[PDB]
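The residues making up each chain are set out below.
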Amino acid sequence: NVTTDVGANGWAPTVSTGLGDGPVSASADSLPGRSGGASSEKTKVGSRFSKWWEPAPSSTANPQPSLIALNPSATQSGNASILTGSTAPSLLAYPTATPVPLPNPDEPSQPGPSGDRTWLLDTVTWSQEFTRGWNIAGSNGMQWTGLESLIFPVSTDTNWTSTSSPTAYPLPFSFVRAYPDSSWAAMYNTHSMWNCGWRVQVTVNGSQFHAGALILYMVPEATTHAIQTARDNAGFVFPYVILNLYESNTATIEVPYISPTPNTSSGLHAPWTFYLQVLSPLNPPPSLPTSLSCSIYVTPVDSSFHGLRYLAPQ
Amino acid sequence: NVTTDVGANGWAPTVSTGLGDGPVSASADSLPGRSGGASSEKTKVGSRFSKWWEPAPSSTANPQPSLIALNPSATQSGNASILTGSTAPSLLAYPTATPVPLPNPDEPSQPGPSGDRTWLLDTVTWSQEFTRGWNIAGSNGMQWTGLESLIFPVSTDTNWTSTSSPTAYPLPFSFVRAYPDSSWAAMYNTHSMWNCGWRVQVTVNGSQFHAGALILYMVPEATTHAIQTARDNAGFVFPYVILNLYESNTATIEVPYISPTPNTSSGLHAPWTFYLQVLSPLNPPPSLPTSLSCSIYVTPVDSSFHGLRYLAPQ
Amino acid sequence: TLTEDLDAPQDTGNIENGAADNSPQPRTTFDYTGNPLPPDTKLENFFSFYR
Amino acid sequence: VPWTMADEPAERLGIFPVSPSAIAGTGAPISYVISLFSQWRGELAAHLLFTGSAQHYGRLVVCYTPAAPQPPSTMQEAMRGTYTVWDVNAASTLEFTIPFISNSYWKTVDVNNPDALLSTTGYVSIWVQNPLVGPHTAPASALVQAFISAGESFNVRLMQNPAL
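Chains as they are written, first to last, in the authors' numbering: chain B, 13 to 55, 64 to 75, 112 to 370; chain B', 13 to 55, 64 to 75, 112 to 370; chain A, 1 to 51; chain C, 57 to 220. A prime marks a further copy of an entry chain.
Simulated from the structure, these hints should not be mistaken for lab results. Beta carbons are placed, not taken as given, at the ideal position from N, Cα and C, and that holds for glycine. Treat the hints with care, as some may be off.
A few chain B' residues that face chain B, going by a derived Cβ cut-off under 7 Å, partial list only [unchecked claim]: (1) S165; (2) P169; (3) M243.
Not close to chain B: a few residues of chain A, all C-beta gaps over 10 Å, as computed [to be verified]: (4) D31; (5) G34; (6) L37; (7) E44; (8) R51.
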């Protein structure tokens with residue numbers, strides 16, 4: 013239904029000829045190897069040429121009640137569990153993809169239950185003074201608006217200690233720094249490439265008299281423009297779940313693995329970044345605290361590490 | 013064929029009666045659970069009672121040649137490989153046993169290829185001044201004759217630094233101290249119990265003119281009397297392989313998991329200990345070095361870790 | 001494939017004969033696989049472009 | 057790479073990054089083919105020919121470590137990657153396969169940026185595992201000839217003007 017040539021999704025004999033030429037297209041590379049790339053879904065050599073020398113979440117039919125009513129749910133990973141007694145969002149942002157053949161032949165090293173588990177990433181305060189689009193982060197977080205000059209390697213203290221409050225939680229950078237002795241971080245500092253998904257949950261307990269909303273954002277490849285648009289009205293294009301005090305005391309969000317390569321380089325690339333920003337400023341009841349405490353959790357989903365060699369931290 | 017009662021290997025009705033009594037025996041406990049215990053082989065709840073409120113290696117037919125002739129072999133584990141060009145001993149000391157049901161329900165965390173691999177444990181010198189029964193160990197080794205007062209925890213420097221030369225390589229104590237940043241040691245310091253076998257190889261390159269023999273001992277539960285008997289003539293009851301310079305330049309020995317419990321407690325128990333002692337003192341050719349360098353390797357076989365909790369080193 | 005092996009295949013050959021042993025040597029926990037041939041290396045294709 | 061009897065354990069004899077700064081300028085037939093194209097993939101076949109004496113004995117550990125910000129400083133640190141302890145007195149040549157443990161399906165052949173994530177796969181180094189030994193009146197040194205060729209899965213695409 014277009015006058016232009018969108019491509020035949022491959023290479024055809026009639027495209028390139030000595031009488032006429034059309035736009036050239038690339039075909040799919042058929043490769044053998046170990047299945048990997050996609051998280052939660054991953055599970064004699066001879067040359068083919070002769071040699072010269074050789075011879112529904114949101115529905116009006118199912119309305120979810122406010123904080124008052126009993127509506128319990130739970131999230132489990134490894135030996136960790138987080139419970140709630142009221143309406144709580146818990147969504148995988150994107151559906152898991154299909155596995156792909158890996159270019160490397162080495163068998164992966166898996167941390168298992170010791171690594172893939174729900175970890176207490178950070179504990180932070182949420183005051184009423186924070187306005188719309190205010191990114192909240194604590195001691196384990198990092199000030200990342202995209203304008204900060206990151207001194208390599210990211211483990212340098214100046215990157216995490218700033219004159220103003222931190223804003224982001226770069227994965228796995230923030231997770232590895234929070235728990236450097238974990239089995240996931242042990243393999244992370246020993247392997248050149250990794251692969252896993254990420255699940256972030258935040259618990260904010262407020263009474264039936266408290267009001268306010270927080271958005272749990274998972275930002276892919278966080279850069280200056282991307283972080284600022286996530287603060288704006290269009291930010292909801294990115295994976296999100298809102299923690300509204302009217303009905304919820306917690307909100308969960310999970311995202312599968314993403315990267316230009318099937319395996320991400322350790323200590324040099326942050327595919328996902330968590331952002332806990334304010335949609336509706338905290339509106340606490342009179343004669344009560346003007347701030348509520350928040351507990352941020354992080355969960356690596358289906359981890360695999362390739363390329364074992366010496367210890368090189370981030 | 014004995015007058016005494018050796019037991020019927022179980023509990024019989026005719027043993028204990030009001031008319032006569034015989035020696036009581038214990039029966040085998042039939043338990044359900046996850047298969048574990050044995051290395052290299054491991055792969064609704066309701067109560068059964070009503071409540072009151074409820075309604112050949114050595115053969116003359118196959119003689120192995122001396123160091124001169126070509127007789128290559130190799131040992132591989134993980135991404136590690138060790139080659140030889142002459143006759144070399146390579147034996148699993150004991151055959152692997154059958155798996156048993158575990159008392160704990162938690163799923164194990166496995167280091168995989170990153171952990172189960174051949175590591176360079178230590179590099180030590182073997183001089184001609186060492187006599188019969190001289191245990192050799194280097195910087196990563198420990199002076200353990202059984203008489204040393206070990207200050208708890210074993211990680212204390214005084215245990216590894218002594219006035220005299222070290223003698224033993226306690227597993228996994230020496231392995232974890234040699235590589236504290238390894239994925240095996242990461243899980244070791246995070247889990248209360250572990251389970252794996254051990255393979256130790258030593259390479260000693262001597263010319264066709266060199267003479268001497270070293271014994272690679274794997275001593276179970278090393279104590280004062282046990283270590284001293286391993287130095288003596290009867291020591292060969294323990295797992296052993298001799299590295300004779302007449303024919304060999306290397307010798308390999310592997311032993312399966314042993315312990316009173318199905319899983320060994322981390323940082324508090326050393327099931328196996330390696331001992332590289334001299335059988336025939338080094339007899340080097342004149343006008344050549346009076347000492348040869350040795351390279352000791354260590355390999356954990358089929359590792360599994362249970363009981364994840366905080367970081368507690370050895 | 002096996003995770004460990006006491007009697008592994010050795011990896012020493014002889015290049016003096018005139019040909020290099022380009023076959024991937026077997027290793028534990030390693031799975032070597034081949035790759036499809038690109039049309040870029042073929043001399044009939046390579047030399048068809050102007051230089 | 058030279059190797060003498062005076063060389064002690066953990067002594068480095070050679071090291072090269074598997075990047076377009078080295079693999080495209082070795083002088084080998086494969087380096088010219090790599091320089092003609094912009095991208096490469098697959099295993100690399102390394103052949104270390106021991107041209108010493110039949111009376112010489114010893115071991116040289118060949119280590120291949122994947123991509124890292126800093127190369128291995130010591131022998132035991134290099135032995136944490138894919139390695140093979142090679143006993144020189146057996147067959148003449150060592151067949152060491154350099155595995156394609158890569159982040160991406162293809163690696164770039166850009167001499168201007170060799171240390172890029174989509175360019176280098178790591179480092180390959182030679183260390184003295186067991187000192188060179190032999191009888192008196194035998195040569196005090198033994199040369200090891202390092203050869204490099206393409207593996208059965210090696211490929212190259214996207215032609216360009218020779219990188220060097």
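Legend entry - Assertion that A:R51 lies outside the chain B interface [Cβ separation over 10 Å]: holds (19 Å)
Inset, instruction - Identify whether the interface hint at B':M243 stands, where standing means a beta carbon of chain B within less than 7 Å of its own. - result: holds (5 Å)
Legend entry - Non-interface label on A:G34, tested against every C-beta of chain B at 10 Å: violated (5 Å)
Legend entry - Exclusion check [A:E44 not at the chain B interface, CB over 10 Å]: holds (12 Å)
Inset, instruction - For the hint on B':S165, just tell me whether its beta-carbon gets within less than 7 Å of chain B. - result: Since the shortest Cβ distance to chain B is 4 Å, the answer is holds.
Legend entry - Given as non-interface: A:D31, which should sit over 10 Å from chain B by C-beta: violated (5 Å)
Inset, instruction - Grab the minimum C-beta distance from B':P169 to chain B and call the hint holds if it beats 7 Å, violated otherwise. - result: Since the shortest Cβ distance to chain B is 5 Å, the answer is holds.
Legend entry - Claimed clearance of chain B by A:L37, with the beta carbon kept past 10 Å: Violated, since 5 Å does not exceed 10 Å.
Consistency note: the structure conflicts with the earlier hints numbered 4, 5, 6.
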